[PDB]
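Given the coordinates of chain dJ, work out where chains dE, dF, dG, dH and dP should sit on it, guided by the hints.
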Amino acid sequence: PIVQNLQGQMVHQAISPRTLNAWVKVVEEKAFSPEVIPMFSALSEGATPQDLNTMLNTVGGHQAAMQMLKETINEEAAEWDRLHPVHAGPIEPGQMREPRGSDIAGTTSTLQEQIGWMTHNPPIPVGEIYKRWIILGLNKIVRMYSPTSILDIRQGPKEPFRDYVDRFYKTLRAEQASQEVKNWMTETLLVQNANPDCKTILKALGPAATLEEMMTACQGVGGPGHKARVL
Amino acid sequence: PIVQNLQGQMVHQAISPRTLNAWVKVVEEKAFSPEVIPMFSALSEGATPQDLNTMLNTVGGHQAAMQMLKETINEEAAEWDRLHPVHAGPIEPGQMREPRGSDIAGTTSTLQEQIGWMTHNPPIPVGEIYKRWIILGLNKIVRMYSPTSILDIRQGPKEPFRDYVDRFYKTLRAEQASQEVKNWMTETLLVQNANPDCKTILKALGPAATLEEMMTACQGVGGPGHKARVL
Amino acid sequence: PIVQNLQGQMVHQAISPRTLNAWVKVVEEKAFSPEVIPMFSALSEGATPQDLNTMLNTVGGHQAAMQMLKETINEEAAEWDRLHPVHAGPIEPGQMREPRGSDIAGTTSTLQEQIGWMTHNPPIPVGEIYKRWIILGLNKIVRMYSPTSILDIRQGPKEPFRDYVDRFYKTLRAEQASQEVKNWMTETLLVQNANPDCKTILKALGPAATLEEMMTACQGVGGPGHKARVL
Amino acid sequence: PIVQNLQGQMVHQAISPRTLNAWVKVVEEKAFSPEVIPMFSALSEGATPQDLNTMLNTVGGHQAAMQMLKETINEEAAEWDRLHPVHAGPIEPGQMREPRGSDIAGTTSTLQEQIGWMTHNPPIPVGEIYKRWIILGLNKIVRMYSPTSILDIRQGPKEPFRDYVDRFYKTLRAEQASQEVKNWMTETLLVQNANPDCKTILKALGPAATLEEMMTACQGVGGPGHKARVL
Amino acid sequence: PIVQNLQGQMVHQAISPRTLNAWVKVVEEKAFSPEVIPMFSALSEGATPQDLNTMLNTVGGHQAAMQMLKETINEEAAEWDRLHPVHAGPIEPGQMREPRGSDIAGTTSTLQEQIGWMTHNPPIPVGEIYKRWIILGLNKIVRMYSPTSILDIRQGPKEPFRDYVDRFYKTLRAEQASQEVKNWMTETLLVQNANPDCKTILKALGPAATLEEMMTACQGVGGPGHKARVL
Amino acid sequence: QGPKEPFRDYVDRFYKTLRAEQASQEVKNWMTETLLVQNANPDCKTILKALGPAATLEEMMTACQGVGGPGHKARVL
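Protein chains in written order, with PDB author numbering: chain dJ, 1 to 231; chain dE, 1 to 231; chain dF, 1 to 231; chain dG, 1 to 231; chain dH, 1 to 231; chain dP, 155 to 231.
Just chain dJ, same shape as in the assembly:
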C-alpha cells in the first residue's frame, strides 16, 4: 500500500506476508459466500493496482474462479476506454498521464506511475476504480455455486431464531432484489413458521421492546443449546 509517515512525505510499502496469509485464510474458504466483499475492503484500504494483483495472485485455491475474475475485469478495462480518451497526457513512464482501463488494473502501468497517481492531492483513484471491478468479479464467483431463492432460506422448528438470521444475510446479498419482496416474504412465511415459543415471547414484546428477552428465551435446544452459558 501507501502509508502516511510521521516526519514527511508518504511511503509505498510492500503488502506483508501476514496480510497475504490473513487474506488467504479468508478468500479460499469464503469464495462462494457474500462475506468476502467487506474482508476484501478492509484488507485493501491503501491498496495500489500492484497490491490488488498481488492479492489476486497469492491465493492458491480456486484457480478457475480466479481466472473468471481476471477475464471479468479485463472486460471492464476494455469498456472504460470506450468513453474515455486513450493515451491522453504524456506518452513516457514517470509523468502524470490519464490512465486507461488496463493502466487502472496495473497491466500496462508501472508502479512508479501508480505511486504518482496515488500520491496526488486529491488522490487519482486508480486502485479504488480497480477494487470496484474486483467486487463485481467477486459477486460473480459468490453467485456461481450459491443458492439465491427467498424460499430456500432454511428455518428449523426448535432453533432459537438466530441461525435463521445468520443464513438470511448470506443468502440475499448474492443477488440484488426488491426491499418489499425481502420484507413481505419475511412476514408471510419465514418468521411465521419459526420456533413457536420464540414467536410467542417475541411478538408479544412486539416492535416496542428490545430483542433481549426474546434472545434470553429458547434455552436448552439440543446438545449445543445445552452447552454452558455462564463460563
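A couple of the hints might just be wrong.
As the list claims (entries may be wrong) - As a list, the in silico BS3-like pairs of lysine-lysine whose alpha-carbon atoms are at most 27 Å apart: (1) dG/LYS70 / dF/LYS140; (2) dF/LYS199 / dF/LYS158; (3) dH/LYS182 / dH/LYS203; (4) dG/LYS70 / dH/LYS30.
Simulated from the structure, these hints should not be mistaken for lab results.
Same frame as chain dJ, now just chains dE, dF, dG, dH and dP:
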C-alpha cells in the same frame, strides 16, 4: 532490501531471519509450485543481489531444485558477460565501475557496491536483472516438479466437472504455453478430456461458451460428490 | 548492535531476547551444519564485536567442536596481524587508529572504539570481518563431519528419478566431491538401479550432463498412465 | 534497563516481558546448566540493580537455590560494607554518596540513585558490581546442581572417543581450575581413557598431538564412505 | 500508559491489546500466585490508573478473589482519607491538587489529570501507589487460600532436603506472618521440621549454620541424593 | 574388495589399472589414500594406527599374515 525504491532517497534495510524463516514455510507448504513465485515476488520488491543470495542459500533442502536454478542463473550471467564489455575500475574517488553478470548475481560484488548502483538516481538495476534470472530458474524447476501435465490431466467417470476444471486450471498454471495456445487448451482440451456423462452436456454447450457457462455445466445431477454442497 | 547501520543517525541498542532464544536452540538442536551459515549472516545484522562475543559465549551445545572453532578464530585473529599490520599506509589522511586482529575479534577493543569505527561514514567494518572469520570456521567445522548413509541412497526401481537424486546432492553438499567421483556416484547409486527404459535413456545421456538435461529425461516415455511424473 | 541518548545524558526504558521469558526458559529447560551465566548476562545488558532484582523474582521454582543466592548476596553486601567504612557525620554537599553494600543489592537503593551513580564522574558501576554477586550465586546453584566430578567422567568400550571429548568440554564449563591444570586434564584424562585403538594412533601421533587430531582418531577404519562392498 | 523519556510533549500512549491479552493469558497459566507478579511488573510498566483498571476489568476468572482484592483496594483508599489532610485545591500556589482515594483509584480523575501527577515536580506516583494496593491485594489472596503452613509441614518420606527447603520458602512467601516470626521460622523451625536423621546432622554443622553450608550438607539421609541432568 | 579379504588381487587390480591409465603421479597418491587405504584389510589398517600418516608401504605388505589365501605365491625352487 533497499526501501523506498520509487520515492526520493532510497536506503538499505536488513532482511530479518523471520522473513527468511517465513519464506522457507511457503516452500515447505506448497513445495516447488507456481504459487510460490508470487510469494517470492512480494518478498522481493526491494531486493539486492545479497538479499537474493541470502534467500536461496537459507532453503537448505530441495537441493536438486537448487542446483538446477543455480546453473540457470550462471548461464544467464555468462551470457551478459560475453555481450557487454567490462574493463578495469575507477582510478579516482566519485566514479562507478561497470556491472558484470557475476556482479549482478552477487558472486563477485560486495553489498556496498550493490547499494551504490541501486541508490543512484536513476539506478543501475542489478537486482532486477538477477531476480528475473532467479524466476526463470524457479519456472524451470516447476516443469521438472510438475504433478501430471496438461495433456495427461482428465475427468474421472463420476467426477464433478466443477472439481475437474479447477485442477485443470491449477495444471495450466504450471504449463508455460502461449495465450492463443492457453485459449484452445481451456476450450477443446478441457471438453475432450471430460468424462462421457458431462462431455455430452459440454458438446451441447458448444462453441463460444464462457467460463461462467463452463462452471455451471453438470450441476444438480446429485449422487456421489455432494456431501457438503447444496443442490 | 548498531541500529540504523548504513542509514545514518546511528545509535547503539542492546541485543534482542528473541534473537538470543532463536540462537541458543538453533546451535543446540541442529548442530554446526550448512543451514547455520546463511541464517547466522541474516541473524547478526548491525552487531558489534561485544554482541558477537556475547553470542559465542551463549552457545551451550557442541562444546568440543566449539573449541576447534575458538582455535580457528584465535588463528585468523592472530594471522590478521601477520597479513595486515596496523597503519602501514599514509599517516596523513584519516584520523582513527588502524585495528589489530584482536581489536577486530573484540579482545583488545573497547565498545566506544567499535562504535566509532562502525559510526564513521564510510565505516571501518569490524563486525563483518568478524562474521567472515566465524563463517570460515563454520565451514572448517562442517568438514570435521561427514553424513553416514550417503552411499545407501539408491534409486527405487519403479519410482521416479527425483527424490533419491535430491537426497544424494543434499548428503554430498559439504562433502567436496570431484567431477569423476560425482559421475561415478551418479552411475553407482542412481543409474544402475533406475527403471529398464530409463536406465537405457540415462546410459545414452551419460552421467556427466548438467541437471536440467538429467531432469528432462524419462518423462513422457511410458505409455498410458505410466509416464513417470513426479509423485 | 538503560538506553542510549544522542544528546545529553543516558535515559531509562521499561523492562521487556520477553527478557524474563528468555531468562525463565534458560533457567527451566535443563534446571541450571552453565548456560545461565552467558545468557543472564546477554539479557542483563544495561540492567539496573532493580532490573537484576526483577530477574531474580522471575524464578518461581527452586526456592532453596533462590534464597541460598539471596543469603549469598547478603554475605556479599556485608563483604562490601566491611571492605569500605561507613561515612561518619554529614555527607559532603554535591555529587552522590559512595554506595553501601545493600544499596548495591538494590534493596535499600532506588532506581534514580543508580542513574546518578552511572552518570557520575568517575562512573560508579552499580549494575555491574551487583551482577557479579548474582553470577557467583548462580555458579553456587550450578555447583550444587552438577551430577559428577571431572575426575569421574568416563565412557564404555565401543562409544566414540570424540563423543567423550565433547562430554569432557561440556564438563569443563562449570570448573574454575587453573589453565595449566586444565591443559594437564586435556592431555591426561582424554589421552589415558581413550579406547585401545585410539591409544595406538595417539602414541604414533605423540605427546604434542592436537585436539583436531584427538577427534580424528579411529578414522580410516571402515570401507569407502563408511561402507565395505564386495566386487 | 505513560512514557516521559525522549518525548517532546507529555501525553498518553494507548494500551496494547496484546498487553491485556498477555496479562489474561498469565492468569490462565498460573492463577493468583507469586508467579504472576514479575510478569505483572513488566506488563504494568508506565501504567496509569485507567490502564490498571482496564487490566483488572478484563479478568473474568477467580472472582471471589477479585472481590477480596477490590475490597482491599477500597480499604487502603479509606485509610488514605484519614491518613493526611488531602488539599481539595492546589497544595500550594504553583502545585497540583492532592489525590485522595477516589483519585488514586481512577474514579474522580481523568487520564490527562493522571498524566499531570506523574509529570509534575515533585511527582506523585498515583499509579505506583495503586499498584502497591494491588500487590497487597494479591498478598492477602494467596494467604487465605494457602493449603497448609509452617508448623504443620514436615519433610516427606522420599523428599530431598533441598526440595523440602524450596517447598518451606514457597509456603513462607504465601504466608504473610510477622517478620521476627518468619526469621524464627527460617532459623529454628526449618531445622526442627526436617527428617529426624537429617535433623541430627544439621545439629552437627556447628552453631547458627549458613544456608550455603546447610545446602552443601545433609547427604545420604532422607530423599534422593543423586540427580540425573542434561548438560 | 570385501573388508576381510586377504589384500592381494585388489593390489594387482589397483596397480595394473593405474599402469593402464598411465595416471599422473600426484593423482596416484590421492587415489591411494582414497581407494587403496580405505579398502585395506583390518591388520593392514593397524599399520596406519601404529605408524599414523607417515606409513611406509613395506609394513602394509608385511601385514595380514594370520588369514589365508595365496599371498604373493613365494617359493624356493
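Do the hints match the structure? See the list:
1. Restraint check: the Cα-Cα separation between dG/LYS70 and dF/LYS140 comes to about 45 Å, which exceeds 27 Å; the hinted pair is violated.
2. Using a Cα cut-off of 27 Å, the hinted pair dF/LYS199 and dF/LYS158 holds, with the two alpha carbons roughly 11 Å apart.
3. The hinted pair formed by dH/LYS182 and dH/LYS203 meets the criterion: a straight-line CA distance of about 20 Å does not exceed 27 Å.
4. Among the hinted pairs, dG/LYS70 with dH/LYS30 is consistent with the structure: their alpha-carbon atoms are about 24 Å apart, no more than 27 Å.
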